[PDB]
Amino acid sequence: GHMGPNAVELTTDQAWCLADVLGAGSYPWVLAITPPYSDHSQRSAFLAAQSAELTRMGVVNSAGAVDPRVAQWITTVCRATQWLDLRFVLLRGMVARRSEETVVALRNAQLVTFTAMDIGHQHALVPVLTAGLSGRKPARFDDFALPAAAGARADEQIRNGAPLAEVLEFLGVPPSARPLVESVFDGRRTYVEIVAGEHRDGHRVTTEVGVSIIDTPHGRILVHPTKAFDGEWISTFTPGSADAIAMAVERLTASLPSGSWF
């Protein structure tokens, strides 16, 4: 239910219900909210089964009206004009901007939280971007780069059963960097993939590549993309300090038509 004036926690079933009655539209795919009902018979019934609990929490009144703030937040998420998609590796997030309003939607299994936020600068975002991680401090190592497609290719090769020593040796990972790089190509990792988007005259435009933040036993690691003139993308691995993260996400949004958030 309500968690202070600026955040509410709902079941995803409830969140779906609200978007529906508000005519808010659809939740973005990134939140992966499963529909509670397929048709109008099931819709009316599901509304009725949910009505009491929504009233008890003070989110919908006994007459069917939704809390003014919750309605605005849902609307900002479903109709965002600019956003960041957050895929944590079911833990899914989105930072939605509409008009001057910023709302963070955070879906965790059967629950989703909506939090209205003042994000006036880059650094305010970093706690949100790292919420689903492991509280690791920045790793300590010198930056390295490789083609983005090669990193993804290498990752998929283990998903196809290939040996790590073999794969990393031919990527050219030096022995000094093996413990760090092996820890990245390790499922005990926690990470988030960040894609930026905007809605411009009916047209969805998103970044072709994303920013990743990864927590391993070696610390927090930032992976950010740079476009080369041959058209292929370069991934750079670097310590995931708040400063580095904030600058990488800024440059990511700046690559879209409406430009940086900051």
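Throughout, rigid core stands for the largest set of C-alpha atoms superposing within 1.5 Å between the two forms. Positions refer to the first chain, counted from 1. First, how it differs from the form deposited in another entry.
- The comparison between these two forms, aligned on the rigid core, picks out a single residue among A71, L133, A116, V167 whose CA moves by 2 Å or more, and that residue is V167.
- Residue displacement note: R178 has its CA displaced by at least 2 Å between these two forms (rigid core superposed).
- In the core-superposed comparison between these two forms, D155 has its Cα shifted by at least 2 Å.
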The other form holds:
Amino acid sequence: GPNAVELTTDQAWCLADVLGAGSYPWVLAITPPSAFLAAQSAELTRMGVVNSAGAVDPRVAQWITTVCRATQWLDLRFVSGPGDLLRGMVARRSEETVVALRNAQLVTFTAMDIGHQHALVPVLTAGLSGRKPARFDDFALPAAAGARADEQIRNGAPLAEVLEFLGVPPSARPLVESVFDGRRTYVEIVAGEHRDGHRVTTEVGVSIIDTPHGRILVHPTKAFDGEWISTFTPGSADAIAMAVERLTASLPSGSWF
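Now show me the form deposited in another entry; what you just gave was the form deposited in one PDB entry.
We keep it simple here and write out only the one chain, dropping partners and molecules.
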């Protein structure tokens, strides 16, 4: 579209190199692929990404630069079935917002006007299964315990052991089972910023999980002693937008709004 462009993973790297904006963030996992630099410039000039003068489109460039030199961002790790590498990133530099989304060996840079929290919800849930919000009473557990429990699931540990580790009561047992269900599709959201000569990233992220019970949101809250608490709640659009808004607020720069 007018404020969006689709590229290949190699074409993205090449553009980032000729502009000298630095390397892409690790979350996108852009791997290095002049028997190549000039070889693809025939495809870029064809697509109008670069003019016949070998100069990059003024703001296609600005988007790459925003993504590479971002002052505020959200790392998006989507997870489907194995063999899928869907990564995403919400980037802010100065005032413009840029959404980088990598699927397989394709990448889409999109400029967005994000004045609202809810404006992000479609992007965050893009790599999911489109489940409706689940219905249940909120419950909380140590964020460190939940992260450990999830690491054990991916390492092949039986479900029953993981539930005993967390000390899940029967009330929420059917519900935690759905969270760690193998037929799930989820996304982990991490916030970060650049300020005062520091790189500050969040310690605990926000998870949106599409389960057999429905869409579930997991958002953290810090206690006084510094230890985090993970709250499980129905993943409605308002809850998601709230969680991401609160996640960014935990950083020095404060909320994005």
